[PDB]
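Colleague: Listed here are the chains, written in short residue letters.
2 protein chains.
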Amino acid sequence: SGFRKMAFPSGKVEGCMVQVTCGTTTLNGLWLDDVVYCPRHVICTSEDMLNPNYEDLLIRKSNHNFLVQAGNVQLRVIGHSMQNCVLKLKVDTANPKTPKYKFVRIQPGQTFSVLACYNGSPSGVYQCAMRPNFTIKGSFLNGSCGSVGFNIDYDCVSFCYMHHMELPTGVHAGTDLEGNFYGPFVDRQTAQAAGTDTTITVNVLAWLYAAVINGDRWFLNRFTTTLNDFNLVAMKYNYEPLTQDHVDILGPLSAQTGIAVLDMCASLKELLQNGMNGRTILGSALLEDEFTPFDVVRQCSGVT
Amino acid sequence: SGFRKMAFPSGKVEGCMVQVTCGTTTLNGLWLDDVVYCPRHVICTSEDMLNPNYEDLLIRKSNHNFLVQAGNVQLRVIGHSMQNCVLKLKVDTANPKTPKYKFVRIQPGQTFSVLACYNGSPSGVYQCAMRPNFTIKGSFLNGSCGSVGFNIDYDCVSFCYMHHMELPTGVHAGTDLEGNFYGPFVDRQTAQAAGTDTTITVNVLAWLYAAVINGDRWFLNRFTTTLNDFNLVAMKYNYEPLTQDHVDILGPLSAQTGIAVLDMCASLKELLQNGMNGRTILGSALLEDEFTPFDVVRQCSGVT
Ligand SMILES: C[C@@H](C(=O)Nc1cnccc1-n1cccn1)c1cccc(Cl)c1
Ligand SMILES: C[C@@H](C(=O)Nc1cnccc1-n1cccn1)c1cccc(Cl)c1
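In order, the protein sequences belong to chains A and A'. A prime marks a further copy of an entry chain. Be aware that the first sequence starts at 1, since it is given in the entry's author numbering, and climbs by one per residue. Be aware that the second sequence starts at 1, since it is given in the entry's author numbering, and climbs by one per residue.
Some hints here could point you the wrong way.
Claimed, not checked - Rough simulated footprint, nothing fancy, chain A' against chain A, three-plus residues with beta-carbon under 8 Å:
id	stretch
1	22-29
2	34-43
3	106-117
4	126-139
5	279-285
Stated by the list, open to error - Mimicking DMTMM-like on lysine to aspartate or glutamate, the simulated pairs with C-alpha atoms at most 20 Å apart in a straight line are:
id	chain 1	residue 1	chain 2	residue 2
6	A	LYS97	A	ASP48
7	A'	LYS137	A'	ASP248
8	A	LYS137	A'	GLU270
9	A'	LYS88	A'	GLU47
10	A'	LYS100	A'	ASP216
11	A	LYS100	A	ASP48
12	A	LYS97	A	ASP216
13	A	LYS137	A	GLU55
14	A'	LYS102	A'	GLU178
15	A	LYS90	A	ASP33
16	A	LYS90	A	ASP216
17	A'	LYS97	A	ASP155
18	A'	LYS90	A'	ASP155
19	A'	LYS137	A	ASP155
20	A	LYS97	A'	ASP155
21	A'	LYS88	A'	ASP155
22	A	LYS137	A'	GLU290
23	A'	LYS137	A	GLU290
24	A'	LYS97	A	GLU14
25	A'	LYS137	A'	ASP92
26	A	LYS90	A	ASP155
27	A'	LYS102	A'	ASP48
28	A'	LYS102	A'	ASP216
29	A'	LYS100	A'	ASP197
30	A	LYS61	A	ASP48
31	A'	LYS97	A'	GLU55
32	A	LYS100	A'	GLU270
33	A	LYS97	A'	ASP263
34	A'	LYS100	A	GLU240
35	A'	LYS102	A'	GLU14
Unchecked claim - Over 12 Å on every C-beta distance to chain A', these chain A residues come out as not near it, computed from the model:
id	residue
36	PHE181
37	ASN214
38	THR224
39	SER301
40	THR304
It should be emphasised that the hints constitute simulated quantities derived from the structure, not laboratory data. Idealized CB from N, CA, C, for every residue including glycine.
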């Protein structure tokens, strides 16, 4: 028992972290096989970031200008290309620590672990969710660009995110491993609107099921609701509308606890309308939305 | 910017995780050099745990009874000894992935990362604090025993905790790597009182400084207080009394933000007396005490 915001073990990803330097800028790269992936803004100076012409900036760069270092050993760059907002540096050596991996584009509301790095060295790991507005509320300082988000299934690392920038609002934006930004963001030093964010309803419900499993039951009530009625409350409190797909994904937790999904929705409706009244759920005084139904089942069963 | 409950990268520790089986019981072991460390209750059956005589139970065991497996390879056990509540199994092979390491006994209020494991395989990593009452609020299921807590400085892993048991209250108890329990706990299936816990005052203040650094400033006020006055409020709200040692450790954060430690205490006093009034601090609706002043400086500076 006990419920924690758990990240995946970061070992397989630590073994891929490298440092990439181009001119004056240093950031993190991800070495998989004979390719080093990093944000393309490594080629910019501070002056360039206001409105960079990446195609023109990359044209002035040669393979020998990209300095790639894995710990204390230097990698020889034999090719360079830009794919969307990432640079792919072909190196003459395949990473011996390359794990089984995939590049995946996660859906908003899905979770992942981030291995925050500086100068190609890992500093820490934390679990986070891709917000419905395609931002992440991470912990990243100058030099953290190129740190990646991932999930691990058995022995396969699914890379889903690469960190690129901090918006003026202090929230973070980045790309999938093909360099496509999540959301409307562009890699330029300009004020950029992150849309209206919402609370991930299915994740809050999954976390209410984790609470019941772990003993916190005070919020359970004598009520039920319908998808329509619950969604009128969800709209009022800026929660994602709940669908039958969400109900179906909550099936295993509903089956394990014996609490019908619409009964749990009625509990959530009462918590939204009355607050927590100074009480806590799983050590939190707010409704947690960074645990997916799969995360809850994984943590409550012990998947390694 | 951004503040997250960050765990250390777990790679160095993943490389040490092994599975230890004795009779019918399987749990996790930590392989460092030619020694495998695991909880001594691996030698007990379910019937034994009510009141085990470990010295007698271990006497019926030989080196060949301890089955140690690192992934898919079996380790040859050439020695066995009990030190307090841990068994040390000497193996004929030094772990090639043994990092630079120390065994340390942490102080209550200090933090550490846990690599939760099952059958010698890592499932996840999370940051937690050793409560003032010497328990941890972890996330551990059956099979997690032998999972360890650690901190990492540069390249050195300081192992501070090994998981042994879950109290009937759902909180966790374990030992240092010399097998000495933190707190009054014994390794037997008996109801055991965890003392009155308190909130780690210095950590809450360190986290209030992290909030100001990251932009959350609404709680700052026009007041100040004294150590004596603040401690009368701390006693009323079950907070650890603040000492000059705590004030001194907050020196760097006080210097960075320009907010005197006693001024921050006055902010904490007002938050304790009036609550958060439905507002949040760093995404939390309660006062967070699992970040030490060193954690805050490390996260806000980017130590790798
Ligand atoms: C310079 C970088 C960035 O946002 N870095 C960053 C990333 N994450 C946290 C903090 C920073 N810090 C930026 C200044 C100081 N730190 C950047 C700027 C504009 C656009 C793009 Cl794609 C990338
Ligand atoms: C059996 C084990 C234990 O507490 N394991 C555990 C540890 N952590 C989480 C859950 C468990 N679960 C126990 C039953 C089901 N799970 C134990 C019992 C009595 C004393 C000692 Cl030192 C160790």
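Colleague: All the hints need checking, so say for each whether the structure fits it.
Modeller: Verification of the hints:
Using a Cβ-Cβ cut-off of 8 Å, 0 residues of the stretch 22-29 of chain A lie near chain A', which falls short of the minimum of three, so the contact claim is violated. Residues of the stretch 34-43 of chain A lying with their CB closer than 8 Å to a CB of chain A' number 0, which falls below the three-residue condition for coverage. Residues of the stretch 106-117 of chain A with a Cβ under 8 Å from some Cβ of chain A' number 3, which satisfies the need for three, so the listed coverage holds. With 5 residues having a Cβ less than 8 Å from any Cβ of chain A', the stretch 126-139 of chain A passes the three-residue criterion, so the hint holds.
For the stretch 279-285 of chain A, the stated coverage by chain A' holds: 4 residues have a C-beta nearer than 8 Å to a C-beta of that chain, and at least 3 were required. Pair hint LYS97/A plus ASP48/A does not hold up; C-alpha atoms about 35 Å apart against a cutoff of 20 Å. A C-alpha spacing of about 28 Å is found between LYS137/A' and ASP248/A', which places the hinted pair above 20 Å, so the restraint is violated. Annotation: proposed proximity of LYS137/A to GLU270/A' is violated, straight-line Cα distance about 28 Å (limit 20 Å).
Taken as a hint, the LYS88/A' and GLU47/A' pair is broken in the structure, with Cα atoms around 23 Å apart against an allowance of 20 Å. Pair hint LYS100/A' plus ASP216/A' does not hold up; C-alpha atoms about 38 Å apart against a cutoff of 20 Å. Of the supplied pair hints, the one linking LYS100/A and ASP48/A is violated, its CA atoms being roughly 37 Å apart against a limit of 20 Å. Between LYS97/A and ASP216/A the CA atoms are separated by roughly 42 Å; this puts the pair beyond 20 Å, and the hint is violated.
For the given pair, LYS137/A sits about 30 Å from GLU55/A by alpha-carbon distance, which is inconsistent with the 20 Å threshold. For a cut-off of 20 Å, the pair hint linking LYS102/A' to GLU178/A' stands: about 11 Å separates their Cα positions. Under the criterion of a C-alpha separation no larger than 20 Å, the hint pairing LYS90/A with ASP33/A is consistent with the structure, at around 9 Å. For the hint pairing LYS90/A with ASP216/A, the CA-to-CA distance comes to about 52 Å; that exceeds 20 Å, so the pair is violated.
Simply put, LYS97/A' and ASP155/A have alpha-carbon atoms about 18 Å apart, close enough for the 20 Å limit, and the pair holds. As the CA atoms of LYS90/A' and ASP155/A' are separated by approximately 25 Å, the hinted pair breaks the 20 Å bound. Note on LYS137/A' and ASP155/A: the hinted pairing is violated, with a Cα-Cα distance of about 28 Å set against a maximum of 20 Å. For a cut-off of 20 Å, the pair hint linking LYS97/A to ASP155/A' stands: about 18 Å separates their Cα positions.
With a C-alpha separation of about 24 Å, the suggested pair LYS88/A' and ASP155/A' falls outside the 20 Å cut-off, and the hint is violated. For the hint pairing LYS137/A with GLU290/A', the CA-to-CA distance comes to about 19 Å; that is within 20 Å, so the pair holds. Simply put, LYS137/A' and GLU290/A have alpha-carbon atoms about 19 Å apart, close enough for the 20 Å limit, and the pair holds. A hinted pair counts as satisfied when its Cα atoms are at most 20 Å apart, and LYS97/A' with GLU14/A qualifies at roughly 14 Å.
Taken as a hint, the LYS137/A' and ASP92/A' pair is broken in the structure, with Cα atoms around 36 Å apart against an allowance of 20 Å. Only pairs whose Cα atoms come within 20 Å are accepted, and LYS90/A paired with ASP155/A is rejected, the gap being roughly 25 Å. For the proposed pair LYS102/A' and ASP48/A', the alpha carbon gap of about 32 Å is over 20 Å, so the pair is violated. Under the criterion of a C-alpha separation no larger than 20 Å, the hint pairing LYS102/A' with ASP216/A' is inconsistent with the structure, at around 37 Å.
A hinted pair counts as satisfied when its Cα atoms are at most 20 Å apart, and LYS100/A' with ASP197/A' does not qualify at roughly 34 Å. For the hint linking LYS61/A to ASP48/A, the alpha-carbon distance of about 14 Å falls within 20 Å, and the restraint holds. Using a Cα cut-off of 20 Å, the hinted pair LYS97/A' and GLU55/A' is violated, with the two alpha carbons roughly 32 Å apart. For the hint pairing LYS100/A with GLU270/A', the CA-to-CA distance comes to about 52 Å; that exceeds 20 Å, so the pair is violated.
Simply put, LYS97/A and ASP263/A' have alpha-carbon atoms about 50 Å apart, too far for the 20 Å limit, and the pair is violated. Using a Cα cut-off of 20 Å, the hinted pair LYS100/A' and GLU240/A is violated, with the two alpha carbons roughly 48 Å apart. At most 20 Å may separate the alpha-carbon atoms for a hinted pair to count; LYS102/A' and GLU14/A' meet this at roughly 16 Å. Annotated as non-interface, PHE181/A keeps its C-beta farther than 12 Å from every C-beta of chain A'; the closest such distance is 18 Å.
A Cβ of chain A' approaches the Cβ of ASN214/A within 12 Å, the least distance being about 7 Å, so the stated non-interface status is violated. With 12 Å as the threshold on Cβ separation, the claim that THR224/A sits away from chain A' holds: the shortest Cβ distance comes to roughly 27 Å. Not every Cβ of chain A' is farther than 12 Å from the Cβ of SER301/A; the closest lies at roughly 8 Å, contradicting the non-interface assignment. Non-interface status of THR304/A relative to chain A' is broken: a Cβ of that chain comes within 12 Å, the nearest being about 4 Å off.
Against the hints set out earlier in the document, violations occur for numbers 1, 2, 6, 7, 8, 9, 10, 11, 12, 13, 16, 18, 19, 21, 25, 26, 27, 28, 29, 31, 32, 33, 34, 37, 39, 40.
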